[PDB]
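The form solved without cytidine-5'-triphosphate is given below as one chain in structure tokens.
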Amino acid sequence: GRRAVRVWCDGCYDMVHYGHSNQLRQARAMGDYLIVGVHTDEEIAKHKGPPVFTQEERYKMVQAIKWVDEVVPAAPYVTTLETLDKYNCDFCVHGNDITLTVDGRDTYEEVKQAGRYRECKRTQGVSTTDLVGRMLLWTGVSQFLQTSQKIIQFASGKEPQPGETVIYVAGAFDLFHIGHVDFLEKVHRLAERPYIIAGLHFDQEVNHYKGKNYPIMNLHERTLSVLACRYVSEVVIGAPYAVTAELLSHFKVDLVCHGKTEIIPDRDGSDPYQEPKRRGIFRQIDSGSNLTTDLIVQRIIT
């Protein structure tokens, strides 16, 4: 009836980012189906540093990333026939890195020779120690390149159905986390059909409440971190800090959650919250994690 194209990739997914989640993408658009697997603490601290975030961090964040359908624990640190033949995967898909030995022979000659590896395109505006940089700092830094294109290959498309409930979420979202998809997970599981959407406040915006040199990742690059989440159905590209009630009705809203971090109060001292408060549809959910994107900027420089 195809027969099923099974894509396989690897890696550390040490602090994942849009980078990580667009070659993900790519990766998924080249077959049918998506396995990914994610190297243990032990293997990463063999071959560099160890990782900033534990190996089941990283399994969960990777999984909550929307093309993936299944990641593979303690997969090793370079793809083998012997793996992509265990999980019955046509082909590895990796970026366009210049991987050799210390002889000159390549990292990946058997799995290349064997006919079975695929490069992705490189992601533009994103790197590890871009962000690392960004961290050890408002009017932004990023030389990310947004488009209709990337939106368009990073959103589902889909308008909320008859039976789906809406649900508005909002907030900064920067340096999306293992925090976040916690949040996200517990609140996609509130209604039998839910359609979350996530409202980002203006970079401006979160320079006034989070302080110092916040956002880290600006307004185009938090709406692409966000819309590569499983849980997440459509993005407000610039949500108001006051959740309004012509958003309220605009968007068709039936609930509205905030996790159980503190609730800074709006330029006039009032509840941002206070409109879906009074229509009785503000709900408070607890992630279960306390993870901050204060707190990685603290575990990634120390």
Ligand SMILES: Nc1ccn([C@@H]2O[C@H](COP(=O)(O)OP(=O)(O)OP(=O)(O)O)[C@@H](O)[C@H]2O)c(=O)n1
Second form
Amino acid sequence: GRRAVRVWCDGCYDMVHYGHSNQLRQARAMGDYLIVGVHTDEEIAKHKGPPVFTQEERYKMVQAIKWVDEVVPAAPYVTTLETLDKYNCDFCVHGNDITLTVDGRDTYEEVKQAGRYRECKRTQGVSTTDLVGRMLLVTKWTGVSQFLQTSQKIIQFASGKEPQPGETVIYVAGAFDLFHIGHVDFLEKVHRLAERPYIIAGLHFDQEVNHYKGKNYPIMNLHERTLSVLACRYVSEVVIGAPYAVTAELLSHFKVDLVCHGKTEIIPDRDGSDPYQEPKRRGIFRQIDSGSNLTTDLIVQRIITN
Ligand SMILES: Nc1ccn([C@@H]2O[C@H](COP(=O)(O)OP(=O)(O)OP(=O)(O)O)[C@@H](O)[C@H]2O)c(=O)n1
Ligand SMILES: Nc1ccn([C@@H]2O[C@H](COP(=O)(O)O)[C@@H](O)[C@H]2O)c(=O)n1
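Output block for the form solved in complex with cytidine-5'-triphosphate, input the form solved without cytidine-5'-triphosphate:
Next comes the full complex, this chain leading.
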């Protein structure tokens, strides 16, 4: 038995994207166990403006990412040894920003001098601001994203497991754009539908999403959406470019036991047909209620306050 390295992060985690998730993956790789501190609405307000998502929304999203072992709510804004000592955490991990006080001293001086501060690289291809811009475009399809996808980035995000005997294969599908607490609440309930679930998430092509969603959607592209969704602990695997209709070929290919959709509107397939007709014919379709009303369109409207 080796001695366990417990690891700390903190931040606002306000509108979580695959950069947040890649930093948490990276931080968790540095030890055995990741704890994450998230600040309150009130606390974020004192330093920046108030955040787009409420604390309990933010606590829940972070908790949903597979590298995170626990979420400490109302974490202080600035990391301290008092906090590290209090959660038995060997060291903290931040991305490499310039973090200086007004007089030129380091915000994390205490921690750095104690030898208890580690850095990870910033994730390429994304930031909340970049995303704010993508939303502004949509409200006022060839591709505004310059994320560079690789096999290695997918290897790092994927759990990498084939369905074992006894596991109940469950397929779901959609846009999964701006992967959010609504999708998490949906997937987390789907995950209750069996003892040992193996959830596969079909991700519609960008061209398809633009067609059925109008405008400049999707905000995120298939590759980005791939990682967003693989970061979720309830997901075992992803179809990267799934058809809109849940075909026979697909169900048979993945040996699907079960198919779900949430309480959102199902838009008819181009020929008028129910794209879930085939699993309903087999009697393996089941509708689920997430309990969330959150959609990509509501995230846009909450994120633009002018
Ligand atoms: N593409 C990005 C964006 C952010 N982060 C890291 O995530 C850390 C903690 O997250 P948090 O403070 O809660 O959010 P932001 O950093 O504001 O996210 P962003 O820059 O995208 O707005 C940040 O220091 C940031 O460097 C990262 O690694 N890669
Ligand atoms: N708030 C939400 C958002 C999505 N969902 C479900 O998540 C899946 C993917 O949704 P999108 O294709 O709309 O991203 C769908 O089955 C949808 O019904 C939900 O149950 N509650």
